[PDB]
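Chemist: Residues per chain, in single letters:
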Amino acid sequence: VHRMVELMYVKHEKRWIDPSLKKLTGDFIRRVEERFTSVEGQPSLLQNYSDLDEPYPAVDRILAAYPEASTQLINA
Amino acid sequence: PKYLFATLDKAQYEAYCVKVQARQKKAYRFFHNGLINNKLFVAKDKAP
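So the protein lines, in turn, are chains A and B. Offset between the first sequence (1-based) and my numbering: plus 1. Offset between the second sequence (1-based) and my numbering: plus 126.
Among these hints, one or two may not hold up.
Stated by the list, open to error - A few chain A residues facing chain B, derived, Cβ under 10 Å:
#, residue
1, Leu-8
2, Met-9
3, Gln-73
4, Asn-76
5, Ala-77
No lab work stands behind these hints: they were computed from the structure. Here a beta-carbon is modelled for each residue, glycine too, at the ideal position from N, C-alpha and C.
Kindly generate the complete structure, drawing on both the sequences and the hints.
Modeler: Here it is in structure tokens:
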């Protein structure tokens, strides 16, 4: 999730190379969410992609609510 | 297991503890790669 942001959002200009690529990074995030939730009902911490506008600030917050997401590698 | 580890030093034990978790990540990668692609078993052809 971090490397996606690094390579599609230019820090010193505060812009995504294209809204679509923001959506991309956003979607995979959602995915990582689902991978690590195991009860129904809990909503997403990324309810609107508006959040990824200033990404690096808010991304860390979402990645935070899913501890293990920093512990284990991508499921094949 | 704890009782074996009580033979060492926090030195050794905590150095082994790092090797272990590196393995667990190769093992984790393998298992998921193998479940999907049907290769939890790799038959060896040539000897070493």
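Chemist: A separate judgement is required for each hint: does it hold in the structure or not?
Modeler: We went through each hint and held it up to the structure:
1. Given hint, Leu-8/A at the interface with chain B, is violated; its Cβ is 23 Å from that chain's nearest Cβ, farther than 10 Å.
2. Restraint check, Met-9/A versus chain B: the minimum CB separation of about 25 Å is more than 10 Å; hint violated.
3. Checking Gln-73/A against chain B: minimum C-beta separation of about 7 Å stays under 10 Å; hint holds.
4. At a threshold of 10 Å, the smallest CB-CB gap from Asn-76/A to chain B is about 5 Å, leaving the interface hint in force.
5. A least Cβ separation of about 4 Å between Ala-77/A and chain B falls short of the 10 Å threshold, and the interface hint therefore holds.
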